[PDB]
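J.: Spelled out from the first residue to the last, the chains are:
2 protein chains.
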Amino acid sequence: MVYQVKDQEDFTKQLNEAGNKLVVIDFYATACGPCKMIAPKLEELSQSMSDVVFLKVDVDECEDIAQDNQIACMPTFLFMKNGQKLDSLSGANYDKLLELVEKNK
Amino acid sequence: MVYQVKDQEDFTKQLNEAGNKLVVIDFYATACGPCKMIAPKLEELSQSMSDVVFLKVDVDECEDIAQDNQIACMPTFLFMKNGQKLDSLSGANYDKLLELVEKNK
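So the protein sequences, as listed, match chains B and A.
Under the authors' numbering, the first residue of the first sequence carries the number 1, and numbering increases by one thereafter.
Under the authors' numbering, the first residue of the second sequence carries the number 1, and numbering increases by one thereafter.
Calculated from the structure, these hints are not laboratory results.
Possibly wrong hints are sitting among the right ones.
Unchecked claim - Restraint ranges, calculated between C-beta atoms of paired labels, are given here:
| no. | chain 1 | residue 1 | chain 2 | residue 2 | range |
| --- | --- | --- | --- | --- | --- |
| 1 | A | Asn16 | B | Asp7 | 50 to 58 Å |
| 2 | A | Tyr94 | B | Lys41 | 45 to 53 Å |
| 3 | A | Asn82 | B | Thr30 | 25 to 33 Å |
Unchecked claim - A few chain A residues facing chain B, derived, Cβ under 10 Å:
| no. | residue |
| --- | --- |
| 4 | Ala18 |
| 5 | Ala29 |
| 6 | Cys35 |
| 7 | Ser48 |
| 8 | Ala72 |
Unchecked claim - Once the Cα atoms are required to be at most 27 Å apart in a straight line, the calculated DSSO-like pairs of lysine-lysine come out as:
| no. | chain 1 | residue 1 | chain 2 | residue 2 |
| --- | --- | --- | --- | --- |
| 9 | A | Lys36 | B | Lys6 |
| 10 | B | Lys56 | B | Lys21 |
| 11 | A | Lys41 | A | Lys96 |
| 12 | A | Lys36 | B | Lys56 |
| 13 | A | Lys13 | B | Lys56 |
Beta carbons are placed, not taken as given, at the ideal position from N, Cα and C, and that holds for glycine.
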């Protein structure tokens, strides 16, 4: 499942739960075409990679976090581990998403 | 101004009319917050940099053009000159857009 981050303190909450695991955060928007296109594949990825934590952030609801992360288009995938930023992917490029999960898990 | 490309035939025509000028193409969508956010700044850029050709392509109307260019989120800026792809920018990052215009002008 892709758990939706409700706020900044729920955000930090989840990066701790994640412990040592790679964390993938989908920064998305409600009516966003590419976001809807990749969403089912991301759900599928979260169910097949149970040692990776998948989160999502509504940039309309969490402008705080989105601007903190200089999100410039949606979806943007942020890759994090132990609180550090490992990489980012701007856009719904499924194969690049797969490569980055493989590279960083 | 930022001229809206109507179809593939119009896209080729505008690229030809540009001669050897740099062409910057904004692939945008209607339901796209970041596209709206940068739209006025792109318009003002097209006025200041009158020796660069600025075009825009609505990816919902020109799906095959968007697919040909592997557009993965919006806005994406494609930089072209003499029929050659020079650069791509995924997202509404105004300072990056300025840097890439200067680099490729």
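J.: Give a verdict on every hint.
T.: Against the structure, the hints:
A beta carbon spacing of about 51 Å between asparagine 16/A and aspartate 7/B agrees with the range 50 to 58 Å that was offered as a hint. Take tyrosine 94/A and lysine 41/B: their Cβ atoms lie about 31 Å apart, and the range 45 to 53 Å is violated. About 40 Å separates the C-beta atoms of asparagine 82/A and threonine 30/B, a value inconsistent with the hinted range of 25 to 33 Å. With a least beta-carbon distance of about 25 Å to chain B, the hint placing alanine 18/A at the interface is violated under the 10 Å criterion.
The closest approach between the C-beta of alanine 29/A and any C-beta of chain B is roughly 6 Å, which is under the 10 Å cut-off, so the hint is satisfied. With a least beta-carbon distance of about 9 Å to chain B, the hint placing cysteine 35/A at the interface is held under the 10 Å criterion. Hint status for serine 48/A relative to chain B: violated, with the closest Cβ pair at about 21 Å, above 10 Å. Here the hint on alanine 72/A is kept, as its CB sits about 3 Å from the closest CB of chain B, short of 10 Å.
Distance hint between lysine 36/A and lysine 6/B is fulfilled; the C-alpha atoms sit about 25 Å from each other, no more than 27 Å. Among the hinted pairs, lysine 56/B with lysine 21/B is consistent with the structure: their alpha-carbon atoms are about 16 Å apart, no more than 27 Å. Among the hinted pairs, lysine 41/A with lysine 96/A is consistent with the structure: their alpha-carbon atoms are about 13 Å apart, no more than 27 Å. As the CA atoms of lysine 36/A and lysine 56/B are separated by approximately 23 Å, the hinted pair is consistent with the 27 Å bound.
For the given pair, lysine 13/A sits about 42 Å from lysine 56/B by alpha-carbon distance, which is inconsistent with the 27 Å threshold.
When held up to the earlier numbered hints, the structure conflicts with 2, 3, 4, 7, 13 and fits the remainder.
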